[PDB]
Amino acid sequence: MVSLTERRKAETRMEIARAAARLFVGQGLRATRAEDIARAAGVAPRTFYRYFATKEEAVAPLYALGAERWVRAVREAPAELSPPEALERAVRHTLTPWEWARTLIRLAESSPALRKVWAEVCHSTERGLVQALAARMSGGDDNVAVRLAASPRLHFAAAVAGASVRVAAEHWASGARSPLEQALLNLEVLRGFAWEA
């Protein structure tokens, strides 16, 4: 149970983040000021600055939240599914509504502040994927999970999984409406991966 007072602040925070994304997509980053984001979220600028030091920080949580929900659905997928299945299922269950994703991903390239946020997410996603995968193979055993998450095989598989969605996203953002199918196809390369070696 988190307090109603914290739940309301956290909701306000995410409303600011969404309003930021919604402005950046409509009108770009350059023309958008912290005070327009505040106005769009229906809050005073002081409220804006309670949560975010800059407008780039306001939108930064969306990148993270989408990566972290994907990672989570990879872990929580039903146990019997194979890793490609868990991965691909999690993609479908978490990363699908597009044009709002497009410009955001394109901002991760053109803005220096968001280039760093995007790098941080990608790395962070790669690491959580290592952890989720180790949890799917560990059979409840912490010592096994630790050994697996140390493994270059899992680090590599996670980079590949990460790269599967990232390349689909980036290349799509820089023709075909579904970056999805491309991401899903990409992930299929992990079918039959050798987890030991």
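We call the rigid core whatever largest set of C-alpha positions still superposes within 1.5 Å between the two forms. Numbering follows the first chain given and starts at 1. What changes on going to the form deposited in another entry:
The residue among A67, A158, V165, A58 whose Cα moves by 2 angstroms or more between the two forms, once the core is superposed, is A58. Positional change of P112 between the two forms reaches 2 Å or more at the C-alpha, relative to the superposed core. Superposition on the rigid core between the two forms places the CA atom of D141 less than 2 Å from its counterpart.
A41: CA moves 2 Å or more between the two forms after rigid-core fitting.
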Contents of the next structure:
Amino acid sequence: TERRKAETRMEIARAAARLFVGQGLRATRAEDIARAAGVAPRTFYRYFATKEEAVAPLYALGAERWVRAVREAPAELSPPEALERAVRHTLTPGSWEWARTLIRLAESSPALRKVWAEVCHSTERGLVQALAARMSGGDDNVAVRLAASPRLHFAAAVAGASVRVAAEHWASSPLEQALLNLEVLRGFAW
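So the form deposited in one PDB entry is up there; where is the form deposited in another entry?
Shown below: the chain alone.
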């Protein structure tokens, strides 16, 4: 593995975030982010095509924590339990306000909305792979069948949406909403 690429990507991301909240997206330019990250423009563009794409790593961070929390939940737990536990772990504060502002920024920028939508959408497949495993009964072979299941694809989307929508509303106006939202899966044919 080489996480150095990954290390540098985050450093740039954290720089972009401070600037976007500090000065706004329009005022901030890709070149300014590079300066802020203590790196050359050529390097910036090696990793990101545009200023807005530079936030993705921060978003990915929140989303991966959620998926990991589902995967790491104790085996004995049921999926909706695992889902409830995951939500609570992430969205009950471990900063917090800075998250609120970064998501808030997406409401006002199409380009940032794209990044946000893209990160959340990617999370879905991961989440299917987490849920599939949990129900798998240990057989990877049995699991792979379930991960190709449209029913599971939809459930994953609904769980994702429960958190994402809450987060979005929280930012524009999250725990209480996400949990309320999840209730819609109560009956779900897992």
